[PDB]
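What you see is the complex with one protein chain gone and the rest in place.
Naming follows writing order (A, B and C), and every chain is counted from residue 1.
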Amino acid sequence: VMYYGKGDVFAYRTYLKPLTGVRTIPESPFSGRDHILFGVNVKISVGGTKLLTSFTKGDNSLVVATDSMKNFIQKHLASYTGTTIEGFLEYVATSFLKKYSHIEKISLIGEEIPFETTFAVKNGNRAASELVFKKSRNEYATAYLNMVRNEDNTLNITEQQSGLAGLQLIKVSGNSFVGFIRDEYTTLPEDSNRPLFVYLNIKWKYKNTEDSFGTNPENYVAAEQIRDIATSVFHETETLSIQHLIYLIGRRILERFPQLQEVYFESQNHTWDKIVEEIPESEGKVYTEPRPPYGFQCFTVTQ
Amino acid sequence: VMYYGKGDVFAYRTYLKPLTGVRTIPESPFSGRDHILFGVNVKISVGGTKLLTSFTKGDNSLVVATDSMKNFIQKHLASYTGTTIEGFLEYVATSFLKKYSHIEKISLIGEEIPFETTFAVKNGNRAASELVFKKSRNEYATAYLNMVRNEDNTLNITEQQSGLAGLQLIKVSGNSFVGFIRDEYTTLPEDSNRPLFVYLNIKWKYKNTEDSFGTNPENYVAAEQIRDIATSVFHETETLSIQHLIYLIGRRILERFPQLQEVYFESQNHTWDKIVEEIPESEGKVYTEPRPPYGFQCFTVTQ
Amino acid sequence: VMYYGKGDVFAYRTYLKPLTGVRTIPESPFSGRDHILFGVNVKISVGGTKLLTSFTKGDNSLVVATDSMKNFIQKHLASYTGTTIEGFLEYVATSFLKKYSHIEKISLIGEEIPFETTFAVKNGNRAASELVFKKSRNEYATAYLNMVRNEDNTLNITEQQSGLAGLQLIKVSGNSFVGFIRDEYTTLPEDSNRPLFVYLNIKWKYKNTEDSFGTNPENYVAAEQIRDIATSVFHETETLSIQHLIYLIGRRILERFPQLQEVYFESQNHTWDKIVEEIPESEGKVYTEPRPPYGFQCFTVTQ
Partner (left out) sequence: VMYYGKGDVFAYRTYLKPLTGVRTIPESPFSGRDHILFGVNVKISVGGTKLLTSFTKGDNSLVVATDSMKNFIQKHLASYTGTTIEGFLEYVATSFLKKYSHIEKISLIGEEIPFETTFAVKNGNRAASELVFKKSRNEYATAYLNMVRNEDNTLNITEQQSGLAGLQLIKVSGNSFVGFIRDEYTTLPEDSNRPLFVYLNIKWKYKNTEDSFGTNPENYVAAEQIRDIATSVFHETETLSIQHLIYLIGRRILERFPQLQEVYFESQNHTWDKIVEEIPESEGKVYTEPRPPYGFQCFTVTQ
């Protein structure tokens, strides 16, 4: 391994070009983003054989300073004329390789810094404010891009992936976990009706990298739509395990978005411990936080 | 000082009695809570002169185990027939003092663990799910209660306060900070149009402690309504400082809720640093995260 | 309430005047501080009735920008000629009130950012490095100071407190918790031998605030020495509860430092849960992390 870069490059852009005309799906109202506020956290990694002596000899002649990579990213957010993080990453990568011929490979991660609308009273009625936004610490879109310079000096995207991170969903009933191995190590009771609490990170790849950019919004798959599919499928399914749930979410995603090649899931189980089983005159129960250990699952569904 | 207790007592109740009929205000749509899921994190502190020898002699005869205080709280969430955290705290406190006559004082903090609705497709259209909820890491309601046992054996609430915590609001324009002291220590440039980013913790006290419980919802002041007032006032105001903004929010709150005695604010400034001042063919700018130091303000408005 | 200020003012100073000339105690080999590297995180709060219209009218005429407060603190660390955080706070507080005649009250907190010694081979042997330090995320010293301006423009310290924060100690045997109340809320078993894990925050006040500054260092009480008393007493004591332990720690502190007036403790119980009790041919056991709820105690011992 030999690479170096800059992490936690925050950049907030006001009035990016709006994303509009995204083909809708029945699980989600999403059709686009106004982009009054567009926040992203970028990580940049660059490699190349010509970086060797920066390590072996302490020679900085071909070191682009990591601080300069941060300026590069923030200046390029100001000049980006597109409408998605995925497209922003391509713009940065192509511009960076064009600028710095001694770099053979660039890898970029962009994470949305999300904001939500708020209520303001305008002319006697509540409406979404065009000025005041709430910083959200819940789920967020992500994007990843790797680009290389070939021997013939052409540039090529070697990997692209979009995602949704930080989704935390609890379904209060309609979930079982039964029928698992019972042996000397098993103490977990079977549960016919648990309040399944799952953390979800979902990532997708497109058949055609072009479609990730949003230049034609009809082919763009938004993280918002993925979120809404996940909640709808969770609601619809009498789940039999997290494994069973995530497979079904992936199938739905790939049915709705035929331009996608695959969907990958990283899920964790955070289901609460039950404290009170029966409350007189109620269907209610009481639960509490479990001990730290958490189950997890990782799975790819392909088209 | 002499007290002891239990912190991080999480308790999640399904199907609490709904809060309904809360008097609405024009800044907020809020009228109540369905309470399909009711999550709270409680902290309990108890004191009393009879606890001395637990410290000075290691005598545990009059020590209610902190673990037992946790069972007490979680069992009482199962039996609570009310509709608010404030009322839940009163129920716990009155029951605890009634049970344990050697305790002279109880102090309780309850923090909402908030959940948001999600979309599910039912009968061909998206609707809010009654089953699947999103755990939110954004703003949340809070409540605080202190209760004592008097010499004549009556119980009395000595302090009550409700609040909203973790609100993070950014207004992209319509904010100035000018006219402050310029001397040998001043390097901050005056800014006629900054994207003010404020964190807000707002706390209120009622003229009549009865009104905090929600038993008569007409007199209950919900944290949701406070949030919506704060966003509306922020939108409406060409702010001149955070100080100026929070005073105006407090005035509005006290105008809308005449049953309130006071509102207290803890605000912090997290405004981003500007990177790109002018973008050709756009009203947009680029910003980034500042260095760690943050300004803060603390202020009470009274009725 | 009315005040404002700046939080997370980090400041790192090299080659502060060393602390030497301290008075030793049996429980601690502490003999001073080299101060090659001196890091502090400072919070400053200021108030005064002349600040009202900064809130009520948006008038910034008498507002010292919080950014300027940060500059003030950082510049004063560069000129500070003393040897303790407590002295640094006094230097800042007196300087700030002399500069700003309309401020009536200043409150400061300083928290040490601790570093540990590392070792290097040079000149034929391994020895403590004068250049390379390890940043520590464990316990650290604290200081608190409040100063006011009187009507005659004299300045008075109105409260001072020193402390030790973030100490996490586990004693593997020699601790009991038995004899507590057993009623309908009690499910905790009696334990004649538990591996008590406590978090300790210890704060002390001096009879004469001058002794806190280090100008006559033989009268200074160092956080390092408090730490060493705490670990020694924990070892020496067959503990009957955390309450029992902290009283005995406080007694020893007050015996060793007759110039202190009191010592205040905030303790938390983080004891692990037992998994395996009997290991063949071993005195070992296996434990794991508990659920989140934690007991706590708050207790003052006075001289």
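Here are a few things to note about the model shown:
As a working rule, a contact is a pair of C-beta atoms (placed from the backbone, for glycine too) under 8 Å apart; a residue touches a chain by one contact, two chains touch by 3 or more.
One of A:70, A:235 or A:285 touches the chain omitted from the figure, and that residue is A:70.
Across A:208, A:216 or A:300, the single residue that touches the chain missing here is A:300. Between the chain not shown and the residues A:20, A:81, A:158 or A:186, the one that touches is A:186. When the omitted chain is restored, the residue from C:159, C:184, C:236 or C:255 that touches it is C:236. Within the complete assembly, residues 273, 288-293 of chain B touch the chain that is not shown.
Residues of chain C in touch with the missing chain: 8-16, 26-27, 29, 36-37, 74-75, 77-79, 115-116, 118-122, 126, 129, 131-139, 167-174, 195, 197, 228, 231-232, 234-236, 272, 275-276, 279-280, 282-289. Where chain A meets the missing chain, the touching residues are 1-10, 45, 54-72, 75, 99, 177-181, 183, 185-188, 239-241, 243-244, 246-247, 264, 268-269, 292-300.
As a working rule, only the chains that are shown with their structure count from here on.
Between chain A and chain C, the centres computed from C-alpha atoms are 41 Å apart. Our note on geometry: chain A versus chain B, Cα centroid distance of 30 Å, whole angstroms.
Within chain C, the positions touching two or more other chains are listed as 292-293.
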